[PDB]
Structures are given as structure tokens and as C-alpha cells.
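Chain by chain, the residues:
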Amino acid sequence: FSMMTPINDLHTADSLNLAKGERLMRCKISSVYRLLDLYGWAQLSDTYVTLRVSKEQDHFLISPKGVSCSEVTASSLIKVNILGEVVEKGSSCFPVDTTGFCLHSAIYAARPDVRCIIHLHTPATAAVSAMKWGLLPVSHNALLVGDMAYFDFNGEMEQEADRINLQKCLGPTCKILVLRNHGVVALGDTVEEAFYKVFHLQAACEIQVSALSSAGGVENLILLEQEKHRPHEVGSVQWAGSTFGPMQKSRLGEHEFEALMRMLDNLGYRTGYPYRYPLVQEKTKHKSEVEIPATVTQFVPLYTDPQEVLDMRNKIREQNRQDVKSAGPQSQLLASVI
Amino acid sequence: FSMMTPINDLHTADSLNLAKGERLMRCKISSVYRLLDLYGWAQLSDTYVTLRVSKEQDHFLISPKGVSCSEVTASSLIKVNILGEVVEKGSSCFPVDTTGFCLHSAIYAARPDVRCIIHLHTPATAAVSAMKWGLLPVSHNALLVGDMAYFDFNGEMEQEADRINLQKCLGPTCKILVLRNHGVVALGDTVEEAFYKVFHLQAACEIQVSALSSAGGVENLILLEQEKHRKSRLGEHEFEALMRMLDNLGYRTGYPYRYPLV
Amino acid sequence: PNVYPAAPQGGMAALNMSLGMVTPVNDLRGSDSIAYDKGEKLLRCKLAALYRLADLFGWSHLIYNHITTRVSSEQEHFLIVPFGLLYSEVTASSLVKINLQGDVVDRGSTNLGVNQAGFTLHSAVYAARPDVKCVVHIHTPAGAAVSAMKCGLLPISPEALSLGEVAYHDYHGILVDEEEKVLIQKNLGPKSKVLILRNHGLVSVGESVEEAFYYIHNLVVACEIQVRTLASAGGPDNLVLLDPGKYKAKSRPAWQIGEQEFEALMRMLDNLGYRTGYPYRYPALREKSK
Amino acid sequence: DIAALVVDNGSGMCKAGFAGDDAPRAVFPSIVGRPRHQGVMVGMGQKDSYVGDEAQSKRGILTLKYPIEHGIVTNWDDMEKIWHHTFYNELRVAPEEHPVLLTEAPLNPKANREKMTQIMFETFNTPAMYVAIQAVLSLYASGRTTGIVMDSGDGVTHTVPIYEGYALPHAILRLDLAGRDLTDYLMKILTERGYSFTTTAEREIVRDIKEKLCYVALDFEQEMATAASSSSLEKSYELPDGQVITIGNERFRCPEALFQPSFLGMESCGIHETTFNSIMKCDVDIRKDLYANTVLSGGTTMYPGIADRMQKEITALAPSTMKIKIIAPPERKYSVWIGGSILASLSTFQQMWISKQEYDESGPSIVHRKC
Ligand SMILES: Nc1ncnc2c1ncn2[C@@H]1O[C@H](COP(=O)(O)OP(=O)(O)O)[C@@H](O)[C@H]1O
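Chains as they are written, first to last, in the entry's author numbering: chain 3, 109 to 405, 484 to 524; chain 4, 109 to 338, 357 to 388; chain 2, 103 to 354, 368 to 405; chain K, 4 to 374.
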């Protein structure tokens, strides 16, 4: 009944050669695997989530094969080159398979901006991808999804023609890639933004599936269009925090990720994620007039015998009984004259 | 953390009067209510399952109002007459209301052979009952259900004309009654029959609604016909198996098994 | 806690975990394994664990369906769950070894008998193909929805195309013995490891338990894909289809097929505490260390 | 408009006042004096015994004795005399018209409550009377319902913790270290300076000296070094006969027996250790609140610097993560009576009164039924 597993065992194991930023990256990318497990979108590993470590040297964090999402720890994940060879292996005894990484590599050669990739195989996302129409703008979540690109996928990304075709059709500025009959792929500069987009795509896919099931035909859905208004989603996340200064400025997915990750930390998952906004619980304050403020912010030696004292007083009392005459002590000056 | 609630607690009270095998059969109703909570079919208080005690003098057992299905015990049941007036209240300090019993009372006034009645408001059966096609023979369990009669429901049975309409709509031999825009009603000679029929009916309704939403057309589904289809206890083994898990888990049920098992 | 707290829609699974706590499935001990074969002892573990795992995912409908495995140690034997006991309480010692014709070879730990009518279809499948050693027949709520539909299964997902050829059996439902058996036998010829009954449910055959479980899980996932895809559009609005052979050509000491997912689910079942006793290729999650 | 009476009794001080008033009407020492010299003056005022404020005026010709010691009465007749003087001479109200409210120590023998109830119904015909805990009323006077309170009077010292209005009986701690014992210790340590006090009136003089010229040291050894090395810590008291004494070093020596009873040779621990142990006896979940709310009560806690030393000594024994704060109301002498003046004023308290008629069928044990 012990489903808690420590997500940061890097300090305990002490049997790996970590780079400049692996301590944060590995926990950050295992947290999203745990969240995918908790939402139940995926339980069996099909190489869903990949991370890029550094831009100077292209190393990529991927999950080992045959490891469930519940069993994913930060030290168990491995890092590979862009070609697919293993650079450093995690502390997991399993055969190494990097077959599914290549498609992710097809993203990494094109866009230097993207750093984390999430692939989804959920029934709703696959239903929307297999659907003749794309994600129809019939819901608020679909509007928050943004623009997206469709590409036909045929199971292999190893020849050069398919890779260059994907890199050409993906475009310079696109965040969501829909693989037909296979699902969706979310691209992210940061892990939080990509998880945000994954959540919004999942919600919009479920909404579209239910809506098109409910009504026969698209014309009955009276869909709105994103293009006509062209908003910049300004004015979102108005804040009046007390500890910090009130600013509108926030990233796309920090505020949603912080609460989830604090949820994970509360039970006992020993995550190493640093919170940008610290949280303190304190007891509430009173302003009733009843409350009164506080005022401030050898004598005896150690070894002796009582029997010695008794024998001494017996010696003195014996002389008292005998009444022997004896003069007192005389001075030495008077001893000289005699 | 409060622990699971025992199902049979009528020995603790020892104040209510008992007639014939009531000490057993009350517990049966409680088991049925617990079974509903195991399937997510209903978890809010309503007049779902009523049971006739004896063939004479028209005594019935109903659940108290405001009590969720998880907290129903054997001693908490309410004994009423055909008119709905309380004859022997249970050991539950809640106000009593018998306005939902009247439809079941009409069904009981129709058929003397019918003993157990089960009513559910789950989304699948409600969608099937709201549907004008009704239950379609597009699944094996739908053929296992049998034949049913469809009745238009206004919501209240206090009118005499609606009562006599219900008797002439039900017919002489029928076990399942579909109320339009309200759901399904399963009738059984015992609690096992009603449970078996309502479980197969809900399985068939789920299959039908899933297939009909998938295809988008009634003629897109294949249609089965009745010609191929058309000790000695229909549904005691399944309920006895569920009873066996209930006893092995820790529920203190009083059901005596037909065989000495292990 | 004898019973785990129940979700609003997941009470039956919570009771399945509770019964996993109360009753372990590895009922065979050192003293209790007297006069018992080794291979049968190994196979009862896998079969009882499969019955325990089937109820967790929801592919269990009372005692109507059965899962059968074949042990080819003697001339002629099979294993099946006793009639009248649900999936969540099956132990290794409680399984019943019966004949091809349904004759009970040994009573087993339990007293209850075996249903011949449920075993008739399994007997037909086993007599049809000698290479088949495991048959899993399940009834998921989406599977009977896709099975009753006219066109049948469609190549919409890679899980559907991993099944390859699929056999279909029309539901006539007359069930009169030998001629029903021979219609089952030559309605499913060589290969075609997945069979779809038009109204009863779904069944998958396999040379091993792990392969049959992998095939039935792929079939269930492909069904869940297909229902949601075809619900929106069911005709001239062309859902994107793939050629089976051509996508299969592009799909393309090693680990055996179907053992990976099965061993991962055994890692779940041991993490909970079912105490399955399943033999592990890699018993440790991490490496040797100390 | 009949209003209840609040009478607070302690060894050495009796207070009384109408319910709902800010101030008690009568405050006087609980003393009984009897003449000791040969009275020869025919025709002028003599009495058999003097009681109250009048007895303290004539200390020269009287032997003064206290009816209560350590919260336990020794002679009930003197207690009756004090109660009669309170009801008749001080307030001039009939005891049989208004209900009276009474207070006592938490831990006490059985017979005290029963005898007190029997005397209060039979002698004065009180229609209703109730017994309450002193420290609980002090906490009500502070106006918080939770926290651990320390009431140290002239009879006995006791710390009780109260959570959500309930005082836990197991966590109550009582120490027999009061201000009268401090007065005796101050007399014993003033013996060595050359000034000798033996009679009871001289004990009252020593008590006045202690009230005027005593303070609590923050660091004991450093204050000894300062007092030995300099004459800055010297004050002069002026006796009623005109003589002048110099208190000198002893000012911080007498109250320090509160913290270290080894000077008196008592086996029990200090008062701060007693409070800490009483906090330890409670449940963990409430301990934060017990460290968050602590109020001082009683006239013994009026020594200057008691709050700082108490806070430091509690913080020394407390965990480092705990926050320690000490609340000291300026009117901590009369907090208990104030709490009584709260408790009798409530609209739900009229049903809490003990019925006169119910006592007839119940008897003297009725308070144990109702309180
Ligand atoms: N102003 C003061 N400064 C220091 N100590 C005082 C002061 N007033 C009274 N005391 C001490 O407090 C004692 C009186 O305590 P009191 O509050 O009357 O106890 P109780 O009311 O419980 O009998 C006296 O013996 C005296 O030593």
C-alpha cells in the first residue's frame, strides 16, 4: 500500500556524474511524469516526455524503457545524444531502447527555442487528431490553445525525407503539432508552459468529443472564431499580493505549476523544485479591544569517624575520672630560665 | 477515520416487533442498497427499493428519507401500509415522508405476484427512457432482459384515472416498466430477480447508448430478432457470490447460503 | 484499515484492493504444495494473477465470462475458475483443472462446480488450434458497442493495426452443441488471434498469457479510440485511414513479446501488496548497489 | 433590581463588590486581632475581637492571626466573623436578599466546599450561591478562553491550563510557595543586618517593606557582583517609629526564592519549571497555544522584572522553534474578582445558580452535583 516513492534520490544514491544543472532538470522532468500518472492520461511508458539539458552540448533527458510512470525517479532517467547513443546511464537495470526518441530529435534539429516535448496518446486527443476537422474553436480552452499544425505520421522518422518534411511543415512559430491518427505533441520553452498547454489541449479535446457526440453536424455548434477579434490575452492574472509588489507579469504556466508541486511536496514526495513565491502559514491576527499586548518582544572533612570523636571524649572523661594532676603548658622563654 | 458501518444491527435494539422471517429479509433490502453504493448508481436519498413483507395485510418496507445509501442499516428501515401511513417506524431519528411511495403502492395494487421493485435514475437508463425508441435489441443483455411496456409519466399518482391507466398499461404479465423521461422500474418475485433484471437492463442500456452515439443512425446498427430465442432459480448465484465477498470483507450480513461452500 | 475509503465512482476497485490485502493469491506454501506439479504451480500463479488484474481495470462481468489457460504437460488438461466465485477473490489453489470435454479432473480447494456452457466455446477454440495456450474472453462496455455495429473494427489507431487480421463470429445464439462448436472452429481458421463476437463480447487467443493479455489490451485501447472517433462522424466525413500492410511495413536474447507490460503490472500488484509471487526477469527496480 | 455579589477570599485579602461593577466596593485584609495587654480604662470603647481594616490600625495592642493558611481554613468561626463583617459593615446589604458568588483554590479537600456551602445557606439564608475556580475567572478577566494561567497568592501558587474553556484536571500543578513564606524569609535575612523583627505587627511591617522595596534580578550572579562591588543598590526605609533602616543587598534576595526554593530548602522545583511541567502534561496539539497565551495573576507577581525573568526562564526550557510571550495585565491583583463580575452578569448564568429549595432535598453535597 506504499505508493509514495522518493522522487529525488540523487543525494542518497551518490553514484552518477551530474552536469551543471541536472539536479533541477531531473526533478523538474520527473514531476511532470508523476502528474501524468496522477491524472491517469498515461500509465505505460511510450517515451512521452523528453527534455533538453544544454544548448552548448546537445544532451537530452529521456525515460528508460519498461519503467512505469509511478516508478519514475529523477536518478532513473537517462541522457542521450541527438544521434541516439547513450552518454550516461541512470541507476536502473533495464535494456536500453531509444527507438521512440528519434521523432523528438526531429523537433530538436529544427527549433532551438523548444526545450521540452510532451507526446500524448489519450483517447480524446487521438479522437481529435483522427477527426477530419481539427480542434474546432467551440470552447474557451480551445481558444486558449492557440494556433497549431497538422502532419501525417506513418510510424517511422528515421529517413531524411520524412524528417526534412516535418521540419519544413512544422513552421518557425508553432507550439502544437497534431500527428494524424497518433495524437498531439506539445512544445515548450519551459516545462510549466508545456504542461499548461498539455492540460488545455486535453480539456479542449474532451469538450470537442462530447460536443460533436451531442450534436449531429458542425453547424449546430455555432462556433466562434479566434481570428476575428485577435486578442493578446492582456489583463490576465491581476494580482494584489501582500508580500511582493502587485504586478500583472507572470509566465504562461508558473502559477498553476507551483500549486501542483506544493501538493506533491505536502504528502512526502521529496522534490527539489525551488518555489519562486515562498509560502508561510501563520496564525491569524486579532484586533478586538479585549486583547492586551505582550510586555516584551564542605565544613567537615570527607573522611572522618564518629567513633573517633566518641573515643576521644572517652579518653578525656577517663582523665576526669582519674583526676590526675598535671600543670599547663609553659612558654619556651620560661623554659630557658630553668 | 470512522470505520465501515455494519449492515445488520437489529440485534442491538431488540425493541421493534418482528413477523415471520422478517429478521432475514429486512437485511436483504439493506444489502441491495449497499450494492447500489458499490456501483455508483445512486448515492442520494430517494424511494428506490421497496419490499412487500407478506402476502396478507399489505405491509411494506421502505427507506427513510434523507439517508444516503451508504448509511442504510437493517434496523433503519421503515414499515408502512399500502396507504403510506407509518405502522412501525425504524430506529432512525429523522422526519418521515411517504410521498414517493405512492407509485410503488400503485404497482403493488396492480400485481399481487410482484414482490420487489427497483427504481434507478442513472444517466444511461434515463437517456434510454427519454429516448422514443426505448430499449433496442442490439445487445445480448437486452435480449436477456425480456419484454417491457412503455408508460407516459406525469409525476404524480394521486389521481384515480392515472392509477387505472397504470393497471391497463402494465398488462397481465410484465416484469419491466419504462417510465418516459424518468427511467426504468424492475419487478421481481424476489430481490434476486429484481437485482438481476435491473443489472442486465443497465448493462444493456449502456451498450445501447454507446453504440447509438457511435453509429449516429438506428439503421447503422445490426438488428436481432426474437425468433432465435423464442434448482431452477434464475438469479441466486450472482447475489450469493456478492454475499460471499460481503461476508469475507467484514460486512456482518445474515444471509444463509444454499450450500455449505468451503 | 480492513477496507480502503471509496471514491464516488470507484468503490468496486477499492474493495478489490481490500480483498487483495485480506486474501493473498499465493496460497501454495511449502507444506501445502505436496503431490503437485511444478509447471502447474507456475501456471496457476499467472492465471490467478490475471483474474485478479482483470477486475481492477473493469473487464469483469459477474461469473458469465471465463479466462482459460492450457498446460501441455499431460495429454489433455485445462485450467478454469470455479463457477460461482467472482474475479476479485480468485486464488491460485482455488482454480479447477478440468478436461477438454468438461470433466473435472480434480475438485481443488473449493467445493463449487464448473459450468460446462461457458467452457464449450473455450473447448471449441482449443480444439480448433493446437498452438493456442491461452484464451481471454472479456466484455467491456465499449467492446459490445463496437461489436454490434455494422462495419466492425476500423484501422484508425496503431493499436488496431497491431492486431493485424481479426476474425468475426455472428451471434446466432442457438448454442446447440457440436454444430455451434464447428461453426466456431472454422469461423476462426489459422492465425487471426483476435475474435469479435457480434453481441456477446470480445475474445483474444495467445500462445502465452502475456501475449494474450497484450493483444486484449491493444484491442480494448483500439476500441476506445474507435468509439470516440466514429461517434463524431460516421460516413462521408472521411476520418483519416491508414493502409494496414503499408503502415505495418513502416511500423517495423531479446525481451519477449507481451512480457514488458505484464511485468510492469505485476510491479503494481506487488507495490500494492497482492503478493502475486510472479517470477520476475528483473526483480529489482534499481541496480545492485550494496 | 437585585444584583449578585462577588466575594473573593484569599489568605490575607478579602474583596467584595456588586456584580457588573468595574470596581469592588470593599477591599480589606483577612486578619483577626485579639487584645494582649491589660485593658484598664473604664467607660471607653473596648471590644472582644477586632476584624478587618480596623484591626490593622491597632497593631500595637493586638495579636493578629490569619484564619486561612495555604488556601485551607483553620478556624471556621473567624471565617464567619470575616463574612459577617463583609456582609454588614462593609457593603451594608442584606445577605438573604442578593445571591453571592464565591471562589476557591482548584485542588482542595472534600470537606471545605461542603462546609462552606452549609455555612452560606444556613447562617445567612442566601437564596443562591455558586463556587468558581479563581484562575479560570482570571483567564476570563484577560478575555481569552485559552492559555495557561499562573495565579500566585499569599496562600499558595498554582498554574492551570485552560483550553476552550476547560481546565484539564490532570495538568493542574500546585506549589506551596507564597508571599507569606517570602515575608518570613525576608525577616530571616534581615536578621543578619542587625534589625530584628519577631512580633506579628513587625511581620506586617516587613510585608510592607517587601511590597515597597523589592525587585527581581535578571541575572542572579551578576547582581550579586554588582551589589557587593558597589553601594548603588541601596535604599532606605523609614520605620513607623522614626528609625531608618537600609535594605541594601537583600532586595533581590527575597523574591529569588520563588525561582530557587533551595534557599528555603523546599524539595519542589521553581515556579517557571512548574509552569513548564504543567505545559508538558498537556497534549501536543494545544502546546503552541499554551506557549502563545500565558497571563500572570496574583499580588505576588507584582515584583518588578517578573515578566522578563519569567519569559527568559521559560524560553530556556522551551524548544528553539517555539515562540514564548508573557502577558501581564496592570490590574493583575484584582483579575479574579473582575472575572467573577463578568460571570455573574451573563444572561445564561441565572440558571447556573444553586437553588435554595433544591438544597433542601439534596444537602451539603449539592455543589459537587452542580459544580
Ligand atoms: N505592590 C506589590 N508589590 C509586590 N508584592 C505585593 C504587592 N502587593 C501585594 N503583594 C504581595 O501579594 C500578597 C497578596 O496577594 P493576594 O493577591 O492578596 O493573594 P490572594 O488574593 O489570592 O490572597 C501579599 O502577601 C504581598 O506579599
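No lab work stands behind these hints, which were simulated from the structure alone. Misleading hints may appear alongside valid ones.
What the hints assert, rightly or not - Okay, derived cross-link-like pairs now, DSS-like style, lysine-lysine, Cα gap no bigger than 25 Å in a straight line:
#1 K283 (chain 2) - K336 (chain 4)
#2 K405 (chain 2) - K173 (chain 3)
#3 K391 (chain 3) - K359 (chain K)
#4 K403 (chain 2) - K187 (chain 3)
#5 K391 (chain 3) - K113 (chain K)
#6 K252 (chain 2) - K336 (chain 4)
#7 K284 (chain K) - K215 (chain K)
#8 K238 (chain K) - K284 (chain K)
#9 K113 (chain K) - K359 (chain K)
#10 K395 (chain 3) - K61 (chain K)
#11 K240 (chain 4) - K187 (chain 4)
Said to hold, decoys possible - Partner residues are not named here, just some residues of chain 2 that face chain 4 (Cβ under 7 Å, in silico):
#12 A115
#13 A246
#14 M251
#15 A269
#16 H271
#17 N289
#18 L332
#19 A333
#20 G336
#21 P338
We treat Cβ as the ideally placed atom computed from N, Cα and C, and that holds for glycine.
**Request:** Have a go at the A115 (chain 2) hint: is there a Cβ in chain 4 nearer than 7 Å to its own Cβ?
**Result:** violated, 10 Å
**Message:** Would the hint linking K391 (chain 3) and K113 (chain K) be met if the CA-CA limit is 25 Å?
**Reply:** Not OK: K391 (chain 3) and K113 (chain K) at ~42 Å, beyond 25 Å, violated.
**Prompt:** At a threshold of 7 Å, is the proposed contact between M251 (chain 2) and chain 4 supported by beta-carbon distances?
**Reply:** holds, 6 Å
**Request:** Identify whether the interface hint at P338 (chain 2) stands, where standing means a beta carbon of chain 4 within less than 7 Å of its own.
**Result:** violated, 12 Å
**Given pair status - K359 (chain K), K113 (chain K), alpha carbons within 25 Å** = holds, 21 Å
**Message:** Just to be careful: measuring from the Cβ of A333 (chain 2) to every Cβ in chain 4, is the smallest value less than 7 Å?
**Reply:** This hint holds: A333 (chain 2) lies near chain 4, its Cβ roughly 5 Å from the closest one there, short of 7 Å.
**Message:** Hinted pair, alpha-carbon criterion (25 Å max): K240 (chain 4), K187 (chain 4). Please report holds or violated.
**Reply:** violated, 37 Å
**Restraint status (C-alpha distance of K403 (chain 2) to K187 (chain 3) at most 25 Å)** = holds, 21 Å
**Message:** Under 7 Å is the threshold here; is the Cβ of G336 (chain 2) close enough to any Cβ of chain 4 for the hint to stand?
**Reply:** Because about 4 Å separates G336 (chain 2) from the closest Cβ in chain 4, which is inside the 7 Å limit, the hint holds.
**Prompt:** At a threshold of 7 Å, is the proposed contact between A269 (chain 2) and chain 4 supported by beta-carbon distances?
**Reply:** Status violated, d = 17 Å.
**Message:** Between the alpha carbons of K395 (chain 3) and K61 (chain K), is the straight-line distance 25 Å or under?
**Reply:** violated, 50 Å
**Asked** Within 25 Å, alpha carbon to alpha carbon, are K391 (chain 3) and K359 (chain K)?
**Response** violated, 46 Å
Going down the numbered hints, you'll see the structure goes against 3, 5, 7, 8, 10, 11, 12, 15, 16, 17 and 21, while the others check out.
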